[PDB]
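What you see is the complex with one protein chain gone and the rest in place.
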Amino acid sequence: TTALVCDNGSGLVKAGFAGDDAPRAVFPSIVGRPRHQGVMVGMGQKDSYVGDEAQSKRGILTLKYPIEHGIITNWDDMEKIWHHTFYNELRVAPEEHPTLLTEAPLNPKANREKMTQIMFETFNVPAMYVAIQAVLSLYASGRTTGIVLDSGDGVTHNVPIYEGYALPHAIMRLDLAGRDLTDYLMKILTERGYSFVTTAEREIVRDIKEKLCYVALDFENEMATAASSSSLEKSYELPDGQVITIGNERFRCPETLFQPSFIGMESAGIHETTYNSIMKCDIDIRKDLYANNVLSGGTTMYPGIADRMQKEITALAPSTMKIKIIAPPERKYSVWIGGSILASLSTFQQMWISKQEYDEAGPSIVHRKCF
Amino acid sequence: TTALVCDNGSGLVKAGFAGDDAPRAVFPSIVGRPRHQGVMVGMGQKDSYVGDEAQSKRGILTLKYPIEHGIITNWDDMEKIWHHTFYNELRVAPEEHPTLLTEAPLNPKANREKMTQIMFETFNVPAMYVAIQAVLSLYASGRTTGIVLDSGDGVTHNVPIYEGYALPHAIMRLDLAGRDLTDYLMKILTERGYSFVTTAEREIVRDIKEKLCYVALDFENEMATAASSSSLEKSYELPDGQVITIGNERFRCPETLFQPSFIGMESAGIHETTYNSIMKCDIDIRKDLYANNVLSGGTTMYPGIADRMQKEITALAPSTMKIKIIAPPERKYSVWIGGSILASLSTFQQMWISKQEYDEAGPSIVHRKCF
Amino acid sequence: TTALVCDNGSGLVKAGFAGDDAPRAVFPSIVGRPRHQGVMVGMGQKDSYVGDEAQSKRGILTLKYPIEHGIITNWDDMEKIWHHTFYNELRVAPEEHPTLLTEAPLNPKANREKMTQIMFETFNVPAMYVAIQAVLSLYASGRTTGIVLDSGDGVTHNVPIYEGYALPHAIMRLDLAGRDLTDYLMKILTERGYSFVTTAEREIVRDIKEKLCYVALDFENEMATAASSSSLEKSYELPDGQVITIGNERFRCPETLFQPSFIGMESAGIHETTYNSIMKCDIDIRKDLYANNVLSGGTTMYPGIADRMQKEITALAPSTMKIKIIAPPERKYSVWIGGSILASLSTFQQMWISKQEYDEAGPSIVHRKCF
Amino acid sequence: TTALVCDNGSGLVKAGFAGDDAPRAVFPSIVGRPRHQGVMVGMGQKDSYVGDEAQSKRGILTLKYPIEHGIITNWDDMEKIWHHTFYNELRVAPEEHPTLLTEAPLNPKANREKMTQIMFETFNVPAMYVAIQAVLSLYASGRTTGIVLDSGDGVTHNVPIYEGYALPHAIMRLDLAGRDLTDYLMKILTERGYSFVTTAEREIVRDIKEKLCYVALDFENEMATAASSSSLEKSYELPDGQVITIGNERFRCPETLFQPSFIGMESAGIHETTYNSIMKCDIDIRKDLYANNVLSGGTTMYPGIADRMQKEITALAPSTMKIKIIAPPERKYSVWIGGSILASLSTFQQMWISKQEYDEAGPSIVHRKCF
Partner (left out) sequence: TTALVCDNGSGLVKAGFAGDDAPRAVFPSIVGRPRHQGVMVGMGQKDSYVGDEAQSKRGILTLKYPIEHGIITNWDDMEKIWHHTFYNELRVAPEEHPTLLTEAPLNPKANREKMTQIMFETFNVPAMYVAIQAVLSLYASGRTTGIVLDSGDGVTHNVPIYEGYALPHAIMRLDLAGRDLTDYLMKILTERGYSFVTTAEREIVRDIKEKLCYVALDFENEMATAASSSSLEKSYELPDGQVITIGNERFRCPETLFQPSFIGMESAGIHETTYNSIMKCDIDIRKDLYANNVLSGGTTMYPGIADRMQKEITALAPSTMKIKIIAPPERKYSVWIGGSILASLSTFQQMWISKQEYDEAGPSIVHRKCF
């Protein structure tokens, strides 16, 4: 039999089969409901659209995300998401397939327990397993040591691993990610008159971000370059027409990752939490960690982010070590790729949580050595 | 057939064949176990690393020494050490080779008896013999008289020998050695801010000691020189970067050998236990003993220790005798070299403890005239 | 003339006059700076708030600690702390008051040297003296022998003293303390759903710890009791309503003192380091040390710490001994009380360091006989 | 006026008044000095503890014996011992008391000369006298003939006396005694696992010896009995718990008196030096000497020593003699008892050395007919 690999993430569902090179179903993790009245009798319209259909009916729906920061907040919505994923995108019967789920470090425990309970009671899968996103990223990267920085859409986290041993006291988790970058871009785009307030203009702003934003290698020099020239100013065409022109806020948006004070957060940038995780690890694995700094997740896809991260970590660490940043082109799907590798490993077929184990030990069996 | 020569020591295993000029397997006498959880499934990692592999995986393991001061405290660990030595470093079958083991004077008797029992029951050797480290050092030195000072890593001892007769009432044993010097250096390095607490930072401190420490010919003058100048201050580069600078504690560390009150011990320095052993011997061999003062073992490898020892013993002994200190460059391996010489001697092939003798007389046969 | 006793500690400054029964001024050693912009013109607000004031404006400020683990890292805001202590809490001119300050064992030398340089040049005190915290704790406890465990907020140490003589080779120092317990509690509350990330929320977590945590007498039985019953849950009220309930976390937090592997340290618990510091001492005084085990400092204030530690040390020591744990109710002020006693002795008035003494011998005079 | 009988011994001072039945003050002849630094200010530590106090503060002192083998090696320490004896134990003023002091045969002459110089100048006694220990033993035994074997703590000696005349050419002195037995017991316990190294553990070993050792009647049969049975082993309770169990070490320690080759001496046992002194004596008195063999001193106090020595001397002497060994229960104090008897004798009152005689003839007066 084959196992499914559902990388829920927070803002993009990625599912597929264990043993493939890529997911076969990538769609947004949104659930939309109509907000207007509806006049044409016989239209027979539905009450809630899931996934990629909601993005077509944006102008009529209110789009809600069922996952805020890794954490699931709307369990009925999330159950709809899973039902859509199993039956409409993949077209499989979940009572014949083990399912490997992913989760971020340092989430509540009820999240994981309720996820297991759903997967066994509602969808009736034979086995299931919840994996950490950073470990799976390291599987897909081909390493066995290295400090991984998995910046998704809800959370950002560093997880240092050495020789296959993870150092839990050095795990860092930050709640700044692509969703906060989108909100900051919505906010600073009002300096030029453009206003995006609806829950469906957030998708337009996310598209603008993905297509035009980039990380500056030096922030003050790019500030001055934008103040003087106009060579970095680019245009974008809305779904309506009426092109908008983006100036220096092409690189002020992702700079929030290195200066979280822009959105009023207290914490330090990703370049500094990475270094603090290093310095919290031992002394005789720090050289390997410096040399194996692995990036994954969608928020690491900006142009120039690897070069910026290297410049910063190099200015932080001692001057005698080679600091190297691994940033594959298929970063966004690294967690899923690693999940497929892991679930196909023949050694892993004894780590599943079978259904009988659950029936006899309750949902608490998730936090056991299968953690 | 050939005999093996395993100089267990306390902190460095040295093994080889009888009839060679040097040991072919020198590795630390440590056994490491992982202390973190281990996340990558399929890693298939082991549960305990022995020898030189543990020093590579330092940052992940807890390193334990199975020999405290000559005495073996963890018999399972020591059995792992021996298994590694026989099968992985030397690649020999111990049921075809006699084995010569070494031990320090004035150890418990159960140490030696249990060692014999292990070597005959577990490893199944045909013969075995336990030798004293100082006697073997004197074999390797080419002498037949002389007072030998064998400062290893667990124990220090003087053993005066004259014309091949050892004087047991004049044997001295002190429990100050390289391990205590390492602990004292860890402690006094905190005066400059460097902190080494982990069981794997002790190895870094041992490296610092070996590479930078030296014995002062005069302690107050070097104290004043370090207080005034900076010409004796040297630097070292950790596995992490961040060089550390060592000042006057380059020579305060090995000065504990001549002033054991530094670590709160009651006893007297090595220069004074040597002289007390002399003065406890007869009156008409003291001139030869003064002239044949032999050093061996790793803790005698400091720069200037021979000159310091000579200055001290010369100030102690009467003014009309030539005091001479023999300190070969291959000091650290003298016990092993002498062991190889002894086991190759054709006269010695009748001093082995055969397996039938053991089977008929129990492990008590070790303390007989083969003592 | 009277002397000032300033037990600057690490996390609480306790000051007062020598000869009083308790410290007069007790406030957190915190320097806060505003992180937002400030709009109301005429507010005339200041740049940095110190001490107890900074906890009122805690929501606007970003709080720094000038002392990390006993050691002083930031010196400018430490001068700010001292200035606030002298002029705003005590209202005394330090030009006519000798000052007694405390420090933990096994600290850098530059700490003391800069401390006295500042106290003589910036504040112009006529005399000063730096004392060890454990000795003052023994003074206040009224013993003259006994092994004292002084768990503050940055550092934990054992100092065995017999008959008025301290045995420095048996002094242990551990960098696990109240701030590490606060960080572990922050990290462990996350699994229940609550997130505290800001330096202003670290103070709320410290309050939760102080008011709800306790040491379990039997850790496994308490874990089972929490996994079965619910009679352990207590509720706390955040500054904005939002009641939170904690179970396991009540005793899993201070258990880090007895199992430092919870926060990834390699060392042994406070009970085991106390026992090891006893076993480092001479065999004749271990009776009195076992019978006079003195606790002091804030981190020793959990309910059940004394009973737990007595149980542990009793199971470690031989069966013939009487183990006693001395834990006064005015425990967390013992260092200050002893400091006042000491500075109040007529025998002490010739052990200060004078102004001219310093002016002639430089700051190096701190380590010499005027200790 | 009454005289003072101070039998200073070597390892035990015994003092009192002439005319008593027993010494009033009995304490070890020990001077201790603190070896640690001392932190409690104001308690006013002193610099040297002498006597029974040094055994209470034993854990933090270095204990020195001012007298090595009968001979005094530290005159300042000995003056402290005598001052303590006169003022803090007997509470008498030596300006008004004659003092009888005791010495072993065949010591240096400067010993007696400096002893009397001190007693007349430092302490200003009105008279003094130096007696031989064996003669006083024979007084206290109620004999006037007999060969006395006085085994103290530094020196053993035989002094054959017949009819009140001593045979000086037959006096034998041996430098093996209780101190060498203690050192041998330390060195021989080390082979069972226990190690006592400090001068403060020498006292614990001496206590073990006194309390558990005995003399075997047949050494080979007791060795075989210990090798086969286990009925010989006793346990002892160290001053911190951790009982130790000793087997054949109980009778192997005092066997050094009969086989001084155990500690590398060449001489003959006490049973053989006794017989050799007898055979040096004239042929007409050997029968009386065989019949009056008197034991005294602390080292003659082992269980079974009288029976052993009778067996040995009987096997040595001709088979027609009555060998008889006189061993009173108050052996240890025989020298003091005899000294009291002698100083109370009325004939003795013109054999003191007066202050006038000393001021007249210098310290040389000690070796004159006023011996």
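Chains: A, B, C and D, in written order; residue numbering restarts at 1 for each.
Methods note: contacts are C-beta pairs under 8 Å (C-beta built on N, C-alpha and C of every residue); 3 or more make two chains touch, one makes a residue touch a chain.
Participant: Looking at B:193, B:318 or B:362, which makes contact with the chain not pictured?
Facilitator: Checking each option in B:193, B:318 or B:362, the one touching the absent chain turns out to be B:318.
Participant: Tell me which of D:266, D:284 or D:360 is the one touching the absent chain.
Facilitator: Going through D:266, D:284 or D:360 one by one, D:266 is the residue touching the chain not shown.
Participant: Write down which of D:19, D:168 or D:193 is the residue touching the left-out chain.
Facilitator: Answering carefully, the residue with contact to the hidden chain is D:168.
Participant: Which residue, B:162, B:194, B:196 or B:258, contacts the hidden chain when the whole complex is considered?
Facilitator: Once the missing chain is taken into account, the touching residue is B:162.
Participant: Footprint of the hidden chain on chain D, which residues?
Facilitator: Residues 71, 106-110, 167-170, 175, 261, 264, 266-267 of chain D touch the chain absent from view.
Participant: Quickly run down the residues of chain B that touch the omitted chain.
Facilitator: Given the touch definition above, chain B has residues 132, 135, 138-139, 144, 161-168, 281-287, 290, 317-321, 342, 345, 347-348, 351 touching the missing chain.
Just so it is clear, only the chains that are shown with their structure count from here on.
Participant: So which pair out of C-D, B-D or A-B basically repeats B-C, with more than half the contacts the same?
Facilitator: B-D
Participant: At least two partner chains per residue is the criterion; list those residues in chain A.
Facilitator: Chain A, residues with two or more chain partners: 167-168.
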